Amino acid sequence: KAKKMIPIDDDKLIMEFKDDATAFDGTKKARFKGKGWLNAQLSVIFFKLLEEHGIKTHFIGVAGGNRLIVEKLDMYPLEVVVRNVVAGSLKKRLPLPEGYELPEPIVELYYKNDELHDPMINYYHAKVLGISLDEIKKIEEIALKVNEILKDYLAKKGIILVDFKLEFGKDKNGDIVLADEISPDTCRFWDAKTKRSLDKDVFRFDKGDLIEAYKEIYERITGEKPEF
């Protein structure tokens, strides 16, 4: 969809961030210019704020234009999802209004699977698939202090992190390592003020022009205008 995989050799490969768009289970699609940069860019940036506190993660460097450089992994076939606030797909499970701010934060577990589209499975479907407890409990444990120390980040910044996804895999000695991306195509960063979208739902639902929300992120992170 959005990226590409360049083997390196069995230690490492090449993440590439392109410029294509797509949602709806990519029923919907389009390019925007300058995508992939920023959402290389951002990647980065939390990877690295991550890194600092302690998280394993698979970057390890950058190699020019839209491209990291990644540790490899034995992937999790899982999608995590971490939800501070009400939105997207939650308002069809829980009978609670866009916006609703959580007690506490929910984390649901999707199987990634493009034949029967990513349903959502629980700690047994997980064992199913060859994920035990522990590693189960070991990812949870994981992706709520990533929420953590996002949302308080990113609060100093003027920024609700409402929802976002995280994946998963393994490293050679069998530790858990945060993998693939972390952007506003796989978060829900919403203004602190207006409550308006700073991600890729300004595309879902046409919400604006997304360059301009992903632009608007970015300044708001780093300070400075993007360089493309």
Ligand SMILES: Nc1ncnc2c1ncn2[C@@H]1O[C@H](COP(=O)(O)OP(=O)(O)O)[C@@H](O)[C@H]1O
Contents of the next structure:
There are 2 protein chains.
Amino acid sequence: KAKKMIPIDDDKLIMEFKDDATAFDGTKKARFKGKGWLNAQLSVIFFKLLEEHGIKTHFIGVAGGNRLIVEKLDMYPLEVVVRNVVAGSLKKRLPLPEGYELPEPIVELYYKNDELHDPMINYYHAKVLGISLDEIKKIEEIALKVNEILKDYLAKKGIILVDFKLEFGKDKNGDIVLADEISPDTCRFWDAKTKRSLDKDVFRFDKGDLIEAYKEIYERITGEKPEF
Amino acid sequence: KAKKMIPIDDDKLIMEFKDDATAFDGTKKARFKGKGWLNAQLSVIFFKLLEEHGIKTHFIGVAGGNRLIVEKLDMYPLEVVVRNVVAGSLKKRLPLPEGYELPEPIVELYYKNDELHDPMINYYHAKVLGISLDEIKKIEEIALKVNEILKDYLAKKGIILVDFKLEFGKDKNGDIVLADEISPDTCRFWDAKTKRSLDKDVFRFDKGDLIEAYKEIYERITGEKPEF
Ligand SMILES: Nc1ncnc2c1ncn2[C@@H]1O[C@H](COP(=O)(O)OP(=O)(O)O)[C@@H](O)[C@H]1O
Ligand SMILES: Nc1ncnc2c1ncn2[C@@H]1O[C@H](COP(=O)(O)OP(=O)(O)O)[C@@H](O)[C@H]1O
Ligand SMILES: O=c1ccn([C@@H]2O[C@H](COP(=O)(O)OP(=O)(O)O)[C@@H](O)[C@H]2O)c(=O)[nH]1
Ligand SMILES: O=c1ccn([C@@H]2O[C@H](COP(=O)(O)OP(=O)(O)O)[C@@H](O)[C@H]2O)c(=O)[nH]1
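Got the form deposited without adenosine-5'-diphosphate; any chance of the form solved in complex with adenosine-5'-diphosphate too?
Time for the whole complex; same chain goes first.
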């Protein structure tokens, strides 16, 4: 939908970020010149920050442009959502308004399954899917640590980390490794002062120019204007 | 919808079982002569079996007919579903067929909220709702024990306990107490040999005569035909 995965050997693969965007279960589509580049660069920056804080990620290197070199993993069929501020689907699960500051972070597990439209699950469903409690607990422990690091880092830069989605896999040592991407596609980012979205919500709800929003994020994080 | 609650003092209340049935989020409605009586009697039998196995319930006594006398509790806004065999909404959450035997029981938490149509939640949502992890763990521990007792008891009688819903509240000692009802309205019961529903699914999917189905359950459990 927004990324290509190209095998290299029985060891690593290429993650290519595309300019395509989709929302509302693939029903809304557009293309954004340079979105691939931005998401790639921002993933790189985030993976490197996390690695420095002792988070095992799949990031190996950059292969020029929109391509990252990443470790091949046996992927868990999960999307792991961490939420700090009420937004999106959480409003349908808790009678709390958009912008409501949660007393502590919420972690939600979604089963990656297109036929079922990625339904929420709990630890018991996970076990039936072959994911032990020990594994789930390790997964949530990492997500919550990732949350702390990202939110602290973004707060210093005037960005509120509202919520975000992670994915994980297992390496050949049986270690749990952070995978996929971390980008304005997979996080909610709000300007600390104005509360305005600097993320995919801009595309989702026609809140303005997506590229402009993603550029702003890139500039606020790196300190420089995007080269492309 | 199917029950009346009438206060007595600051201590106990009357639970009245009505002949009304509703399904599909209240959209389907009918009335069944004697359904109140059956559900009341079956709740009584189930609460008494559970009490004997050391499960704290709200059951105090019978007030003649369709009325039970029950302890007043500070109710948790939860519906606690335990599942042994795949049926109902679980088919939309896991790609497994109706009748699939789960490797271990699944416990699901639903937030009792009409405005939101009782959405599934996890332990984190529960905490935001004011339910501690300790409380949730105690709740699930009871549900799972209730499951064992009910399924063992029903298995001896040629009935498979497919799934069921429980509700809980807190007593004045801060103890977690099983509440609401246990009946063919709130459980799936399948005949062990034929796999046929002897529960509300008969009304839900026009599988035959609901009263006949509930009578069969009552006769198979008590050993005698229902008096009314
Ligand atoms: N390190 C990795 N090893 C193996 N597969 C991965 C890795 N990182 C991401 N993937 C997978 O590559 C696929 C490409 O992702 P995509 O179809 O764009 O959707 P999404 O990644 O958002 O689920 C996904 O199924 C994702 O789980
Ligand atoms: N021991 C109890 N103390 C206080 N309230 C109770 C007790 N048992 C059940 N209730 C509540 O009484 C109400 C009547 O139930 P009803 O409207 O028929 O729907 P349901 O019980 O299926 O949620 C419910 O909100 C239920 O939680
Ligand atoms: O398939 C998905 C669903 C959600 N998210 C992200 O996870 C967070 C939580 O999203 P939510 O549950 O609110 O769903 P949404 O409203 O985004 O559809 C948001 O930052 C989304 O951008 C994602 O990256 N991929
Ligand atoms: O509001 C509800 C929803 C479910 N159940 C019971 O809980 C079990 C699980 O139901 P499920 O999640 O499959 O929903 P359903 O298919 O019954 O709507 C079944 O025994 C239902 O009878 C209930 O008593 N009240």
